[PDB]
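**Q** Letter by letter, the chains look like this.
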Amino acid sequence: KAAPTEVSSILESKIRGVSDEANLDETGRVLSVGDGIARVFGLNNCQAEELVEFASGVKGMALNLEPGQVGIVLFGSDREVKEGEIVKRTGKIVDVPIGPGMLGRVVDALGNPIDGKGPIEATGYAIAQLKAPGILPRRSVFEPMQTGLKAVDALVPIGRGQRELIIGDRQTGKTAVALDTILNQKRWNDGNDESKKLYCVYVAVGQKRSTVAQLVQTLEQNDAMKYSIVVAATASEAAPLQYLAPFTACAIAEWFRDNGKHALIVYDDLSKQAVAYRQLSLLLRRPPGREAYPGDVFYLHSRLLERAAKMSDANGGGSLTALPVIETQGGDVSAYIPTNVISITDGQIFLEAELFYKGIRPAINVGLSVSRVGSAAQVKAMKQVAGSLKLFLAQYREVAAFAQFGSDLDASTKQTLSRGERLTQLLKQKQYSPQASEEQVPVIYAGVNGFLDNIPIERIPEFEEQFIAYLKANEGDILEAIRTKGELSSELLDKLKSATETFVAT
Amino acid sequence: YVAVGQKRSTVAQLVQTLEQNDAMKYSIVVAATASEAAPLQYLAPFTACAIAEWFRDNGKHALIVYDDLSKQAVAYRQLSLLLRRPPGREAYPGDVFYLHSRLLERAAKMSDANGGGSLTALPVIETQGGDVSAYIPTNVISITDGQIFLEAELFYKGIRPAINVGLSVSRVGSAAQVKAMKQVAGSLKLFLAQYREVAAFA
Amino acid sequence: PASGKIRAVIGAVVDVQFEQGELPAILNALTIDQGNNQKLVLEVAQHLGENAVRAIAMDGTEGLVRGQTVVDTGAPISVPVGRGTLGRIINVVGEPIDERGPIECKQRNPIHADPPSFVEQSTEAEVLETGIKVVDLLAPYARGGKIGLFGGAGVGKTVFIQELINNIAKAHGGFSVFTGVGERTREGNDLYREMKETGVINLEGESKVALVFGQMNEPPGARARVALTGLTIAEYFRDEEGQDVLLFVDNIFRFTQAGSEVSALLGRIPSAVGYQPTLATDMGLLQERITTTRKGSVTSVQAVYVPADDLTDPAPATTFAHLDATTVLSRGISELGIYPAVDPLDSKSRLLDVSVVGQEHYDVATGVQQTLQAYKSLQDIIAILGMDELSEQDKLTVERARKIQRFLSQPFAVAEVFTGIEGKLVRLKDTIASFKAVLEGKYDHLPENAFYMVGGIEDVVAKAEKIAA
Amino acid sequence: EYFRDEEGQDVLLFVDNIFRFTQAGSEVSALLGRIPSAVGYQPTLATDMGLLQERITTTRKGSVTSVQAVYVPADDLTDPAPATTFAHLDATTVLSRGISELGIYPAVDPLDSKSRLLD
Amino acid sequence: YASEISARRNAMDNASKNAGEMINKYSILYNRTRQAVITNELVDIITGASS
Ligand SMILES: Nc1ncnc2c1ncn2[C@@H]1O[C@H](COP(=O)(O)OP(=O)(O)OP(=O)(O)O)[C@@H](O)[C@H]1O
Ligand SMILES: Nc1ncnc2c1ncn2[C@@H]1O[C@H](COP(=O)(O)OP(=O)(O)O)[C@@H](O)[C@H]1O
Ligand SMILES: [Mg+2]
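Residue numbers (the entry's author numbering), protein chains in the order written: chain A, 4 to 509; chain B, 205 to 406; chain E, 8 to 476; chain F, 242 to 360; chain G, 217 to 267.
Where hints are given, some of them may not hold.
[As the list claims (entries may be wrong)] Derived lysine-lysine pairs resembling DSS-like cross-links, with alpha carbons at most 30 Å apart: (1) B:361 <-> G:233; (2) E:12 <-> A:91; (3) A:62 <-> E:410; (4) A:393 <-> E:383; (5) E:355 <-> E:410.
[Stated by the list, open to error] Residues from chain A that keep clear of chain G, each with C-beta distances beyond 10 Å, as calculated: (6) 121; (7) 135; (8) 292; (9) 472; (10) 476; (11) 492; (12) 504.
[Unchecked claim] Residues from chain B shown here face chain E by an in silico Cβ test under 7 Å; the list is partial: (13) 212; (14) 217; (15) 218; (16) 401; (17) 403.
What the hints contain is simulated information worked out from the structure, not anything from laboratory work. Ideal Cβ positions, reconstructed from N, Cα and C, are used throughout, including at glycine.
Okay, chain A solo, but in the shape it has when bound:
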């Protein structure tokens, strides 16, 4: 029945004169402010998702353009805005800075530097709400993404241009897999090959102020923050800054894929970005849906994840990786926000809290995590050892219940239990200790052939460091040939079997 806009104060202006101010297009008057929402009266020339500016200095984004008023979401505190303040329009959309000058500094959600290192040399300005790539400008995932983990490079191997989800519970291996993959790219980014490097893009959304400072200090000590973008977006800001953190970080990382380089975005986390979008929609007088979310809940996460794809040779040859972490409740992977992110991505890495307390570092379930790319985006040297290890790991998981009754084991049951326990313990790595492709191919070949069955279960940790150190001083030609060529011929298979048999006698 009733409406807003013209009411009492705004209604007693058109009766005396139908003119007053000649603007009513580029400016507006604030009529109601609260809960991070400002109902600016006027601004007829303001476009959708356009930047605004108040009289106190706080910025806004007009997203609910009505017929009488204009709902703008303030990016700061609501104490600076009041009833009757002037709100001007910027004339442009919500954009952010991009280019090669943003590497080495921590930016916010709008592109402003917060690390305190001066200005950022931006080479371009890209919008936040950008379109994804089409079906004609995309190619197959052929490049391999070296993560460093032995259980990630052999099982669910991710490639350049795909979307690998990082599902898990609280403190189970969510942010640990993303931090080890970005720090393992130091062997390719420090060289001269531009096609082998991958610029990281950590987008901390929903975290606290102490969590963002601890992650940036650890990457600078290992020479990993010089080519990694940091998008600071804490929970102490407004709901508009945290919800637009996924779109602003994807626009800055898209400049490298469109030029001829590779990028890797890590949206940490995907659960915090969905809570920021539903908070601004509930205050703008909109209808809700399931789990107190808007109607475009599935379209908000699918639009930002489809832009990270692998381009073809006619577009430049670049790619972009999306590592969204889905923070689950209590291990339920079939929830509301968990099911939407797993169906849109081409693979998901599950992390259970029960396997992390047993000794598996990190807790990565092989029976629940899978990759849609398969062995097409991996090295040829590591694909020969991962083919036989996948069949042995699947057979040992189904027959793992017979481990409690070792006095009734047969011949085939004792061979699968001894080989399955040594393969799972060899893939367990420590924190911030990534391995290369040459060191992981020699460790996986000794456990799949049968050279590690004679050793004990407790000596699996000491055998990983003894075999890697002896192979770098005695047989250095076999490790260097597997990394340069990337495959294994007939001469490399005979030299690897003779070196592993001579070192297993001591």
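We have chain A already, so just place chains B, E, F and G with the ligands on it with the hints.
**A** Using the frame of chain A, we list chains B, E, F and G with the ligands on its own:
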């Protein structure tokens, strides 16, 4: 026959089978597919009961088959949710039980002073996994005089039709049956339910 | 031309104000000029009154100001139909997204149209020959119905859709229409490149399947209207040319989720499990159009996805009422030695009766299903008691059940680069005669490996005599 | 009530069923301006049920043995029309659906039926 | 000892078969309770926002 909620191809194939066996000359067909509006499918039960009530009030018997009762409840909830109403259990309005009880109460047997006719109602309830304790399942069972449970476990083994003797019963079916079939089937309903429980544990 | 002015713009919902008498009706496409884009389609939903009607945009509404020009097309969302859309990637608005020029179509049919009447429908349920040995004998597909393709990743869902479209175009002469509604960005590019290397989509030759792009990166209006755009091109080939077209909707669960997103943002109240109120009206308006008419039929082979492994949900029970057949692809076979992984006991259909396929086809289907069900239930006792601790009747039935499970798995024509065998296209009469002779004892002396990767009664006799000598 | 107050006789009130009084008012409560309560019920559920159950009691002039029957909504005793009527009855006779399928005639649940005279 | 080991295998097979039937009945009740919890939670947020 009141086909409510069925597909367009299923209504055309069922009418052709009854005409070939000399059964469509004295049977009314109420077509109500799901491709129409929500008001046409919800009013299909009330319109079919008015046509069959003319024979019971004059001196003839009628048999109404509302297939299905589960499809009519979903069509009535669509028009009520769009008019800003209160949704109760299973996203249903407060008048969900009154819509099925009013249409089933008219199918009764008249006395000798009203003509002597009667109207039989055969409503089909589509259960979701055998859940007989649902909102639409308990409302139709409390207004009808008996039910015929169709279990999906015995239907896949070859027992067609799968009629559970321990679940299906008839209130006014003992006195409204033939004397020749009731005398030859002495204690057939009690021996069928006791033989199913003894065979499952042996 | 009827012009309008934009009054509101809240996300996908955009209200336009027209004049008196020139107001558009429901389901009317509205044109809007943008910058880099050609035209922003906006389907009309309802009219709020006072010379105003709310519409839902089918693209991004970012950059629209209050007072923009909104032209009315006068009809619904038209799309290009005919033989010119074969081999090209179309969208929800009928535009090409393959960068291969515009679709030179003679006419343009609207996406919003009524279905067939009760007098123009088929009075008898006919069976559709697919060519596979495990499809024409077990769960037979109905001519003009819906078939559910349930299966996981890497089981054989993409290979089954390509082999069924090539066999229907050579034995019956019918085209296909792949409408991937709610698909991913990487899944759309991999499906177009794989069809060109097998012979289904030819850029210089002759194509036989239509491509309809419909990713989830757009708004709620483009994903919900993706099913109507793909069904309009397949229905034109059966009414004007008269051919049994096959429509593919991957997946079927994305069509029900896209309809509730645009309804919840307009002002409608939700239903059960957060679904829309018109669940039975939106799903029945698109499933009734793919039926059998007097000139042709239109089969549907959508992939139904259960929500969190629940068949009693609102998106699973509503789509199962109109499905006549089901193609369940379990993960039990695949690596066991079956090409493809077709379950002979889980895949059921309503057209597998004696009054639709005959008394000869019903007896062969019941005998093969009874032998496969007894061998699957006896697998737990054979691993604990051996294979020689059985009776005379149980030993003969267990040997024939092993060869019958591999005889129904024939090699397709598009899967010749993965197995090495040639493509076998068995007909309906050849598959029923080969299964009846093996159950009577005429092929009891043959080996178990002679029926694997073979099709028909003539292929089993030539492979058994050439294996030994 | 007139036979127990003006005449002084032990009346016997038999309602079948008592759950239909609360279900009839919930369908008309949405059109009168009242907001919905739990499970789409009316807000005055305890006020409308308490005004009718208090008048069917025993007074100084005469007694009134009320023998009403409640209907469980979809076999659920935690509903707003079943749990609110349990605080205005001296003796309750809950009939479970699990004991009726076994052969118990009737399905008198001994673990749920309670009364105030069991002493 | 052979008769007790043979009788223990039959009791273990009956216990595993009885556990499968109870898990199937509990899965049908958990699926209906999950859909009812989503409808009850969405009805509470829609009633408070419309008043
Ligand atoms: N593979 C591992 N081996 C040993 N410790 C690990 C491993 N992975 C993670 N941790 C420990 O877990 C702690 C938290 O790791 P991480 O930051 O990845 O999760 P988180 O972000 O704290 O999770 P949440 O956000 O739920 O609190 C770290 O302090 C680290 O020491
Ligand atoms: N007739 C067949 N013979 C042998 N292998 C097959 C056959 N059909 C399918 N496959 C295998 O199934 C796999 C399917 O892969 P993909 O299409 O990526 O997954 P999905 O089928 O689930 O979409 C292919 O790698 C192929 O090798
Ligand atoms: Mg974290």
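**Q** Could you run down the list of hints and mark each one as holding or not?
**A** Against the structure, the hints:
| no. | hint | verdict |
| --- | --- | --- |
| 1 | B:361 <-> G:233 | holds, 19 Å |
| 2 | E:12 <-> A:91 | holds, 24 Å |
| 3 | A:62 <-> E:410 | violated, 73 Å |
| 4 | A:393 <-> E:383 | holds, 27 Å |
| 5 | E:355 <-> E:410 | holds, 21 Å |
| 6 | 121 | holds, 47 Å |
| 7 | 135 | holds, 30 Å |
| 8 | 292 | violated, 7 Å |
| 9 | 472 | holds, 49 Å |
| 10 | 476 | holds, 55 Å |
| 11 | 492 | holds, 50 Å |
| 12 | 504 | holds, 43 Å |
| 13 | 212 | holds, 5 Å |
| 14 | 217 | holds, 6 Å |
| 15 | 218 | violated, 10 Å |
| 16 | 401 | violated, 22 Å |
| 17 | 403 | violated, 17 Å |
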